[PDB]
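Engineer: So the chains spell out like this:
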Amino acid sequence: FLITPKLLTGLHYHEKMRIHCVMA
Amino acid sequence: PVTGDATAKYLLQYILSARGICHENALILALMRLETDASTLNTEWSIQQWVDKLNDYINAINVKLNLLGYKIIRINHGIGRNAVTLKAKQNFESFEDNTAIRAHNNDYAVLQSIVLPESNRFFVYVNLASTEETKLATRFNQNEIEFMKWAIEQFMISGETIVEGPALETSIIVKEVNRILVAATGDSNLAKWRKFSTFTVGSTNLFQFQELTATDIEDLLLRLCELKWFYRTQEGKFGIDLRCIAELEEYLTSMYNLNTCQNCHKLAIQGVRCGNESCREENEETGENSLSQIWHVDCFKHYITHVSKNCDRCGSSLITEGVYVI
Amino acid sequence: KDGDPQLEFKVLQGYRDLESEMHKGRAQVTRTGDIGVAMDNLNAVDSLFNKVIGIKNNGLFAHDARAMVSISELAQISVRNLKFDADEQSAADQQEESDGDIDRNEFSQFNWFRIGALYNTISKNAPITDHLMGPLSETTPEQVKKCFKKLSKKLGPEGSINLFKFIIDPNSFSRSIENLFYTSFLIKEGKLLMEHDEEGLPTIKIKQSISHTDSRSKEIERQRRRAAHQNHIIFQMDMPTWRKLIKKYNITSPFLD
Amino acid sequence: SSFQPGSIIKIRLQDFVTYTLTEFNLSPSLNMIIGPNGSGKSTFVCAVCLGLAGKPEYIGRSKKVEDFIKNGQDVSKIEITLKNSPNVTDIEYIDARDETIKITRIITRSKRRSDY
Ligand SMILES: [Zn+2]
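Chains as they are written, first to last, in the authors' numbering: chain B, 1045 to 1068; chain L, 11 to 336; chain D, 40 to 124, 184 to 202, 213 to 245, 283 to 402; chain R, 35 to 150.
Next up, chain B with everything else stripped away, as it sits in the complex:
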């Protein structure tokens, strides 16, 4: 778990991961 306010471009991704988005 990692809580961030914003997100940036150029995010090399993979399969085992699971990107989230905290809504508040």
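Please note that a few of the clues may not be correct.
Unchecked claim - Below, a list of computed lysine-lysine pairs in the DSBU-like style, where the Cα atoms sit at most 30 Å apart:
hint : chain 1 : residue 1 : chain 2 : residue 2
1    : R       : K111      : R       : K97
2    : R       : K97       : D       : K336
3    : D       : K336      : B       : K1050
4    : D       : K336      : D       : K363
5    : B       : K1050     : R       : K145
Hint data in this document are derived by calculation from the structure and do not stem from the laboratory.
Since chain B is already given, all that's left is putting chains L, D and R with the ligand on it; use the hints.
Structural biologist: Chains L, D and R with the ligand alone, transformed into the frame defined by chain B:
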């Protein structure tokens, strides 16, 4: 002679405090140092005469050296007599200032009075052999070699790839390039090319080797720097030392098809090559990537002073079709 | 004598000059060992403190104590040197000290310079050398509003479109991720809702954004919409999963250009 | 367990600050939860901490648990479901054999500390 023999001894001894590599002029100063220790000095000699007997001794030396699978060569520093002598007289100024405390003798006055003729030559007692004891340098462990060889390869790659952009005037190399250009042509505003290359980058990749801790890394680097195998740019980049070069010079020449100077036909990793890619194109008769013809800086200066301003492989406008080489 | 700034600072100055002169006698004693320096510095500092009597600034006391410590060491060393007319103990410091030119208690530059030089100059060990041959072998809200505007345009106020058919951009995984980014960060504003279609596929429809004239009222409305029962369906969206959604919900065109 | 130890499952919040009800179907793989506050993401972290025997003062946004209930509500519900690890043993309704454990903390406004 025994006098000369012991001389040459002491020379090599300095060379050991020179850790194997000694300046022409520093050698001269040592000569005068020795003649003061010998009190045999005859004032009547131009610096050239001292150089003469120096080299006579040198030949006797390298006679035996060749007997030993080790040898001293005299080369000229690629940054050239003028830039070499600029940095060296920056310290001959620090030297005569320090010796004024010791200039209680007319000998010391003559020493400070002899302005050093500009010279970039050094002498190097270097291995000629590869056998058991040789790999038995005992300097340190094996990883340190393998990784350093890798870094050398990285520097080779860096040298090969040309980077285009404004010249780093922070590099004195560019400064002296322009100074020579003005001296020869008188064109105070002659347009500079933006094509250049060097090996010195890769310190960032010193820290990219992952098989050992960073500490040990740095420390080995400090050894080398002390051991003057590679060298630190004030920008943080690192190249490989001139004497270290001569060693690897020959090995890498074998390993990578390394083109030498065109006038002195010696490999130089700094100087001026042709910025025309056709001069750096492969000589299609060989199938080998033919790096652009490049003289030693002095070799280039003499050529342009006496031969041409156009390439011979390609003939290009070396005024505009050049490449600075660092 | 209780609070004259001039007296205090002149005491400071005299004591600093006293420190300099005591450093001079430091080297004097190291070469020779004089006690008069110690005693006279003691007298000087005591007299100045007598002037400081009634004056009550801490720094003066601190520096005076420094003087006290220095003078006591001066006297003790001078007595030791007085008792008889050790020498190496004197010499090594002097060796260190004479290798201490400096401008005029850590380890100096030429200390070790001289020492190593001496040994080299004298070592019967010959020097050595080495070598290598052989060892040589738009900001966030703008994109948010753009994507959500495209979503609302292609969605309709009550029209329902299955979730993947909208979130997925089949032409680019990165653009699909950016589109989902923008969509979620406008879902915070509250102009769209998600329901379930007849087949159970999550279909988004436009949640009619209640027109609030006051910005604070609109913000409170957004907070309440966020406070609604949040059916939080979290799925990992990678290129294999993204193409799986493409194939599952029959997504052919970028919903959010 | 089949999943990694302490794997969380969907968490149900009820009558919390503003959230009268909500349920988060969490993810055992990864959580790159990006987004600022405005509905109480820090308050969400406080809820997670307090509902799992954690003092809210680790961050310090709000202290008293009974005040975490939604305004106008005196009882809030926090159901945090965890894939029980074999490590958790010899505790009430807790064994290595246990698969899923649902910690339902009931926060009462008349109680400073909630009843797990
Ligand atoms: Zn050419």
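Engineer: Could you run down the list of hints and mark each one as holding or not?
Structural biologist: Hint by hint, here is what the structure shows:
no., hint, in the structure
1, R:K111 - R:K97, "holds, 17 Å"
2, R:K97 - D:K336, "violated, 34 Å"
3, D:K336 - B:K1050, "holds, 21 Å"
4, D:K336 - D:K363, "holds, 11 Å"
5, B:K1050 - R:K145, "violated, 37 Å"
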